[PDB]
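For this depiction, one protein chain was excluded, whereas all remaining protein chains were kept in their positions.
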Amino acid sequence: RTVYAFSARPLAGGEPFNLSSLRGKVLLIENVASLXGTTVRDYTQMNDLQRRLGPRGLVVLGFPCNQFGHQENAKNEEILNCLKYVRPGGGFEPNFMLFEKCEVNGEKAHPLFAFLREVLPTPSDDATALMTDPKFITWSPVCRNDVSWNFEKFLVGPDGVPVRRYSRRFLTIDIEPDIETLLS
Amino acid sequence: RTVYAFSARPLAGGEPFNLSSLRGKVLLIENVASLXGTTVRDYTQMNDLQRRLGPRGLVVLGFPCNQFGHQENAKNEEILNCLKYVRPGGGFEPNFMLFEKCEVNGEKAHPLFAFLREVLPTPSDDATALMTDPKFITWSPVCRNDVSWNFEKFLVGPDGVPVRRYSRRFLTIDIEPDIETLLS
Amino acid sequence: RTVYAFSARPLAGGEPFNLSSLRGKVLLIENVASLXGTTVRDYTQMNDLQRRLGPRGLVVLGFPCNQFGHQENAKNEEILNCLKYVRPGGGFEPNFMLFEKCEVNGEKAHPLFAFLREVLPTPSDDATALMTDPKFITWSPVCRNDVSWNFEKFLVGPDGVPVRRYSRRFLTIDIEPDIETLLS
Partner (left out) sequence: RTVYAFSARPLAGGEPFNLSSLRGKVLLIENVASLXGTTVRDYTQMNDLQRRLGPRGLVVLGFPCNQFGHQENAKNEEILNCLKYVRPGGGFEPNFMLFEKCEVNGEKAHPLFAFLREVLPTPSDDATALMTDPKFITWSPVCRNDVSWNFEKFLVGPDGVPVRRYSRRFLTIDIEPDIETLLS
């Protein structure tokens, strides 16, 4: 089983992009939010990765999600303006694909994220922490493989097959060595 | 007891503003958030009241709060950027005072808000509703007089004594007759 | 993995019976209720099986459960009187072990039932029906392997290992041929 079964709508406006278009690419999927504490670090790093490694086969995929401290409250139409004007601000524009706002955990989760969580049930660098304060767990049902926060990272190989999952605490730029490995 | 006992720091950068300055003014106090469903409507109608009734003694005061579905996630520094370029966007600017972000409910509430809730314990148009879904109550302790949501309104007389409180659902513009009655 | 890991409290009064006592026996576990439509049929049949096949190695285990149309509403102390005086009535007494009232589905389910449902995820005779009227699904979370109603049947071999699951519609007496097979 691969990611190629799935599709998502581009942020910019509907007309469903099928992940089977990206066959033979190395994918770096993140769930993103515009008003997180690691917003700037991960968006800056994802643009850097995309710019440098894109021509060698890397594609970075961003999926906005409001589940985690509601850090993506805006509408689909307002998300680019947050990024640009508020945070990271300064004229920022993602150089990579963003999709419509969807859920990653719970009964309404996007089937791409239900898959990624099934095939890679814990992050490689932090097998056990789920959430420190329960009050943030607002979706149902709650599963052992759930995404913990904004900016979890999932690395998919050139054959569609999910390779590793990194926590909210793992830096986007430190995924580079594993990416090079799949690129080679 | 009046509001003139209290002070707040302005959004832009503190130097604590005493509310005792506003003697002789009619005050319209709201707790605000940039990413709410009634953001465009309340901010528009506050701007409108401030412009039209300002010259005759109305002062509108806006207090950013992240307690209600976390609809003010940005820092004090990014808030005007939210309003101008995201929502309402289009170059929107508040024509009235905004103070730093603070809590209105629970043990760390700003003392102005602990005050207001003490002397006007339920909103004049909805005495009973507190919250439909308990998942949003994340503050402690929970008191019967607590503020339900973004954009509750408090009307204060020109002697600094709180007159009336209005719920999350009461239109800002519909308080205009009550302001008239005090303004007169 | 076997049933021997588990224990339950006897209906009659606490002092936890460990299923590892029954090692080398063939177990027929049912979830039971006293005011079901198949109450009489399954209780009569379970006593017959127990009486006839008990001396050859069969043990019938009954677990009262209120999850299904709340058909076991009484307290643990009142269950024997229902059976005896109401339904099946007539002086009826189960000849086999009953345990305290517990849940079979949802987050509070007895770990024995979470296991049985995991290792045998659908009934052998009805792979797909869960519930006809959703209004009866009152537990959370809802899982694909859930027990549908009162009187599901689980057959465990002489080595602890769960062998087959029969639906609410399968007669207790028609499990006899499979039982003989494990007994031999």
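Order of writing sets the labels: A, B and C. Residues in every chain begin at 1.
One rule holds for everything that comes next: a contact is a pair of C-beta atoms (placed from the backbone, for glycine too) under 8 Å apart; a residue touches a chain by one contact, two chains touch by 3 or more.
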| item | value |
| --- | --- |
| Displayed partners of the chain not shown (whole complex) | C |
| Which of C:54, C:69, C:157 or C:158 contacts the chain that the document leaves out | C:69 |
| Residue of C:9, C:41, C:84 or C:164 in touch with the missing chain, whole complex considered | C:84 |
| Hidden partner interface residues of subunit C, rising order | 35, 69-71, 73-74, 78, 81-82, 84-87, 89, 135, 138 |
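The criterion applied here is as follows: only the chains that are shown with their structure count from here on.
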| item | value |
| --- | --- |
| Chain-level touch network, classified as line, ring, star, complete or other | line |
| Where subunit B and subunit C are represented by their mean Cα positions, the distance between them in whole Å | 59 |
| Whole-Å gap separating subunit A and subunit C, where each centre is the average of the chain's CA atoms | 45 |
| Inter-centroid spacing, subunit B versus subunit A (mean Cα positions, whole Å) | 36 |
